[PDB]
Amino acid sequence: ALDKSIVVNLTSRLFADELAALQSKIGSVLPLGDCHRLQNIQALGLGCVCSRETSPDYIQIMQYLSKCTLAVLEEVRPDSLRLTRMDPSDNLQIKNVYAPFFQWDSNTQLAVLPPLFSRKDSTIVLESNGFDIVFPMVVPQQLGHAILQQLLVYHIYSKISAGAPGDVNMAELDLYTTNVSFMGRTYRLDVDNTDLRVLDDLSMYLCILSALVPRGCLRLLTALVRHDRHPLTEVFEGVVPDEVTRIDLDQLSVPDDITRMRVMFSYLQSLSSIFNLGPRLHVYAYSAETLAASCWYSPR
Amino acid sequence: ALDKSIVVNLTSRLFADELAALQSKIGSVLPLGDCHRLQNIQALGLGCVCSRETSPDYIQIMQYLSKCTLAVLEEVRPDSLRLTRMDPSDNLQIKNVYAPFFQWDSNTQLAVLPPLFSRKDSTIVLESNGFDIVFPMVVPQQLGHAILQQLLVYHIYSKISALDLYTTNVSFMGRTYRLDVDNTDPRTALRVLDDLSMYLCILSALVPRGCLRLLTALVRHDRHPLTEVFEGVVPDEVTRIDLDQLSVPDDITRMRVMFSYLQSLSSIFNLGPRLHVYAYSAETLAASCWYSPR
Amino acid sequence: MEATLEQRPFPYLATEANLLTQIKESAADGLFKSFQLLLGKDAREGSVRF
Amino acid sequence: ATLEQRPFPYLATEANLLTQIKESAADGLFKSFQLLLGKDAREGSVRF
Amino acid sequence: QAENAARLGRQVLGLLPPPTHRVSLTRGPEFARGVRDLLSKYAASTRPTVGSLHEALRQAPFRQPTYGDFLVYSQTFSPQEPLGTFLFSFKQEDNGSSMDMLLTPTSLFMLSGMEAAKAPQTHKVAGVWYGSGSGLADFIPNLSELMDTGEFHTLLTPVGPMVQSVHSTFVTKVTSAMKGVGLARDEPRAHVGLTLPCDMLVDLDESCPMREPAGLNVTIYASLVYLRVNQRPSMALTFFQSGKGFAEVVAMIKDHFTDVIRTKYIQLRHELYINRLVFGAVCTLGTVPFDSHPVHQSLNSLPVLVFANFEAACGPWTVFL
Amino acid sequence: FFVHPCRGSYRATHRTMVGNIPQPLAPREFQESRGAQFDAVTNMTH
Amino acid sequence: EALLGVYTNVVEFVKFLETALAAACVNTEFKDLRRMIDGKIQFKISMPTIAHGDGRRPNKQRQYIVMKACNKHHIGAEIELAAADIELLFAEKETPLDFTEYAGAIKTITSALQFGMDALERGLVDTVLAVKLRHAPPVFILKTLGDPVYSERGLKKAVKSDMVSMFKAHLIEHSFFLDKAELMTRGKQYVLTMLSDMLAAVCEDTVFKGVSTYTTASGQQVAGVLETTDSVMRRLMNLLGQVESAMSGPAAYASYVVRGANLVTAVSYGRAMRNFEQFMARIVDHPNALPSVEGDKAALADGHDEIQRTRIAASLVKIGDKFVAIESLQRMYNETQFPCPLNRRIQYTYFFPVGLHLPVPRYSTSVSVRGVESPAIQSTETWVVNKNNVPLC
Amino acid sequence: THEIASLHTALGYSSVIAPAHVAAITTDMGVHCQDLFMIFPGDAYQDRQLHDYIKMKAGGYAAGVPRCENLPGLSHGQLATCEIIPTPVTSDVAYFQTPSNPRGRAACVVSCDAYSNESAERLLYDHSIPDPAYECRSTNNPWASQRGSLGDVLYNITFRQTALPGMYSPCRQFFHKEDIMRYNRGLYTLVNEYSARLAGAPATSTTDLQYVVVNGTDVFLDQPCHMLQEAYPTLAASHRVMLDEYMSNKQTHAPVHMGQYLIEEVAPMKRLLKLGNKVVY
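Residue numbers (PDB author numbering), protein chains in the order written: chain A, 2 to 196, 201 to 305; chain B, 2 to 163, 174 to 305; chain C, 1 to 50; chain D, 3 to 50; chain E, 4 to 213, 217 to 306, 311 to 331; chain F, 542 to 547, 551 to 590; chain G, 51 to 443; chain H, 1083 to 1141, 1155 to 1376.
Calculated from the structure, these hints are not laboratory results. A virtual CB, placed ideally from N, CA and C, is assigned to each residue, including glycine. There's no promise every hint is true.
Claimed, not checked - Which bits of chain B does chain E cover? Going by a derived footprint, with three or more residues having C-beta under 8 Å, they are: (1) 34 to 44; (2) 107 to 115; (3) 205 to 216; (4) 238 to 251; (5) 261 to 275.
Same shape as in the complex, but just chain A:
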């Protein structure tokens, strides 16, 4: 019985060139900063947070997509765009026009990821308003948890080669990271190593974990000796490395160790959710010739 439609007006008319790119993607999933039907241009992309002048971010986008309302294009009329609203547990249809092209199958789970690839694959620049709309990177969930992971390893060894040449071979790094195997098929992603400033925030976090985790687990084992110790924690003493168990904790004092343990957990919950929880939607029907996938949106 309820009415859902989202109609965005503009100040100036579109060019004839820019209309053909939006007609290329007439079925899509755009994020959208407001729930009301009448709205200005400055929210419906990723230009509200990510821009050229600002430094590119991963986490501040992934914080934003969970907080944001999604929407689907229906008809592109100059100058008034016409989206439709995405509701909780609502059944609708998606065409898959995204660059680069990952093949969808039915009975997969779509995960909206931020675009970390090149600019011309991602965004469409509107010259009439001078504002950039950015289409998000819709990738299936098992790819999206793997297309991130090999590129996050590539960003680490690129930071090692820039600090010292002899530690990394480029032919070893390129062969094992840029080629992604999924569902039997392979995808050679565009590396864009021409100068990945998106993933520098995650490469800072996962390393600051990696030093503080084995320093942190030694204290948390010994501080929990009881008669009522949980019986599975006797097992995982055989998992910890022997070099980890030899820490002299006399080197760090008590005013240093409270700072570490609060830094220890505060990265752990901030980094756990940004791998886990995004706007994620299922697909139950697909046809490759029409490129039309019927979906239903689960908000989490």
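Use these hints to put chains B, C, D, E, F, G and H onto chain A, whose structure you have.
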């Protein structure tokens, strides 16, 4: 469509004293036990798990909170309390009268927490019926997390004592606060810590070597604003692990399992049910939000 | 529930067609499932009970 | 002799049948009963 | 014969989505007269009748599932099922146009290869629906290797209970249900509930009491446990039923699998392979209403529960340990 | 094939040459007409 | 430039009861088949015996009882109605373009409701034909089973081998009989003895044989329908005259309603009669009356006596003394792009040697071959002739 | 949804089908043999150098229609596979002019007593009993009719249907024991099941090669070689010369010459053989 309203029968006329406190907090979230219109007053409190004579355990209270259905008040009549209900997935007006005051806006995020700053301020006692009522606290997720961060750090460093400024203070931009610990049962707060010792020593076994060598190139000279934890000195442990040669396909299998166990830490750092505010009014203190149990 | 045979004393009807051709051989190798012979002392209407 | 929930046109009696039924059916006064709670207490459908 | 065609004029036009609430402003305050289903308190009389309350019974919520259509080899999906079993969609590679692989929990017992006394009842029944187990294992030649690295939980997507199976000789058509209560095909006006074997299900809220809150929601969880038996890798799938919130059940599942965690990790004092460390994963198969009684049944025996008013909502697999 | 004593079982060797195929199954009038086909292919002189 | 015309189709609506295929069926409209569990037809075959006073032991009286059941069938369809089609079905009293925007949307839903009926009217003719094709064994099996002279004694071991010998000989000689009429000099009389032998092999013993269901003009009696494709029907219509090409048959189905005393036993008990009232008048109203074909015919023809007889466009034919209707169903299958079931594929297996010897006293019979006859020669290949008559090794 | 109930009131068979007019021959009746490298991909010789040597001397799905990509196009139609059953050099040619089994023993189980699996097996396998066809010999080739023989080793395999399309085997019906024992029953239970059930693993249609149909939807075919359990001979001529004698004069043709032979085809279809412009029907 659906109805949701709970009118609470009560066996004694309330006094004008306790009627003034309940009239002051007229929009307020509190859990209750059973899903019916008519209800005893002994379900409305959170005090069925948080009593005076029993030592409360705030994790178990918070563990209790994700089970219960939640409710918002509508009126306080001198006989009966009248409440409305929160069900998935319904938009509803919520109005914060919560005494350690924080500021919200449109498109904020919320979660429900037990009273962790002032129990005496957040619990009013009913001497008329003998049963006391405990209100919970609603907090945005950033301080919603950062209180449970400091509470788990406390129960690690109270056991080592077998002083206060580092253990019991929640930090935030602009303000500092005091957690309320005088009598806490740590045992339900320690089975959480027992499972942290399970995950964290597995995460110490599958550490990638290239990410440790990245810090040995970083923190010695390249000083950044967010690496001031190490204070410019490498730890003694990090120099001991990077003696091997780096190889890419070893860390590919490590960073997948590093990725998959950080999916599991959601289960140990869970808040209660979450509240997604889409519109919040500033001068009226009301909001609009849809309830999602997870 | 499967449909089952029953020997109740129905008021059977009379058809113009004959049915007799090939029945003795069709009972041996089954032309049709769920049959029952009745020889001489038992070829009658069974007694009605309820 | 089988119990069945077919929608019979049940006839009405003057005498009450309710005295000690909560603790006679549970302790086995009479064989072959069936208790029906809530939405089950209905004359459901006919299927021949 | 237009009397047959006017029936579809009745039944299609009566069975549509409710239209958008749009009234022109020049008509005036007539839109408030068209808000009937938001009104939720109806007047009662001294003797209320159906003719008094046929308007109160008329406004109903808008509920509809989203079915799935699967086309299955008839060797895998056994031709006789109790019509309410839960399903999974194993997926390795798109080889053809549409040939889909579906796994019932009794079929996934046979690919596992676990011991008899782990599930003592369904081993007899799943051994008569199938052969020795190699009628199914020829489709997945990677069952030895998917269990070592631990990729098998990433390849199952929980779909939901059956609604209809139209069975042919070489190919079985299977229509399942996502997003809610699927409408029963053969019986009209009916609802297909979800049927689980009593052997696989592990209840979680059970007490003397020796008091816990009630609610509106109790959620069936699935689990899948990587283990080793006879120095050979094998899996174990169980079910869980509790309304305790996700923060407790992950701690409640670890107490159930305490023995299996210990007997595995006695091995890795000698060999430490990082691929072996992944142990289990937990999905969320959708909610059950509170205080609906699971009704026991028996089929050939095989004791099989059934849940009324099961509505489905699939979740991802999260790796617990 | 042959029987091998111990329960006994059937065990196998291999007829290596062609002529180890027994004479009811590859007779001698065939086996020298097969030889004259060898003689005419190679174009040898006797 | 301008348009010249806009042309579309009108879908040819062909229902079940207008086709001649309902001569092979008996049609009853049954209101609530959603409620039925099972069907039942109960035969009771009383077999007489000859008394003869040889050394035989005489037989007592025999009796057979035969049970039959229904078979359910389910048909599906599909309608996809658009979003804005349902949306603008409601708002009106706008500009006259919004009437012709509205009236173009009711023309979309009614054409989508014809299509839901058209896909279901073809479903009857599909499932009825697919029931006939499952209970239709071929000629070569049934011909030597339809004559009692081979199995008077019973099917022992020596009879079955003498029937399998006749399955093979009828399969090699008399198969593809309309293709063999070209090369035979007799020709048109061979097919007519072939196709009347298919006619005499079918069991005519139907319960409804005395029921008068179809007739011709001048009251003659239609017996059966033979169904071909379009290609075979051109042959059979030219060899044999289409003598009348119009038959009489019912206009509607037979009704069966569970009203009355059927409804009490349907609700109280789990069963229900067919025609309880006529069934009652035999048991209690007039007992101990032996069944006799002459006066019991009104209870066999329940409903099918007195349906309005209407003229049916068809094509009949003379075979012996039996009139046969000839159908072709390709217009109901080629318009929907589904392949016809009477078009059909037959797989044979072809047995074939290569590389043998011949034993020692070698012989010949050929008068004219000059070459190969030397004893030292050996054949290491055999030649086959293809479909396109290209010989290959 | 529309619900229709159908019921058969006649006792005997009230409908009879018959083949009338051959429209076209689909399968090319040519010479292409089945390659076991592709059906049994696992088994191999020990040396990689010698197993790659023998593969040099011999040698998937697409939108639901399985297509072979080694052949770009075909001109004679769907390409027929051939097996090879090895056979002694002294097996009689007189077995080959009459329709029979490719193994040396006749396998018609319809004649045997109903529901007697041991009497049916004893017909197929035991050699105390001469053939139901021939009283002179027990078996034409002991390489295929014998119980553990290479016919019964290769082609007794129940179909396993990998993710790859899988390929059809003409010999596999004549050797498979369990699909033969399905016909051990009474006559009228066989005639009822003849037109209703599609038998075990037949060939596909309108493809490149003969694939075993793994998705049976609307494939209508019926095949009489399972029931009657014989295989029909074709034209064979061990030299090119003796195929000329069959087309010059069909009557005074000699079936067996000194070294060579000929088999005239005995088939339910009788084609027009036309080589040159001389036509022999």
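Okay, the hints, checked on the actual structure:
1. 34 to 44: holds (count 3)
2. 107 to 115: violated (count 0)
3. 205 to 216: Holds, because 5 residues of the stretch 205 to 216 of chain B bring their Cβ atoms closer than 8 Å to Cβ atoms of chain E.
4. 238 to 251: It is violated, with 0 qualifying residues against the three required.
5. 261 to 275: holds (count 7)
Going down the numbered hints, you'll see the structure goes against 2, 4, while the others check out.
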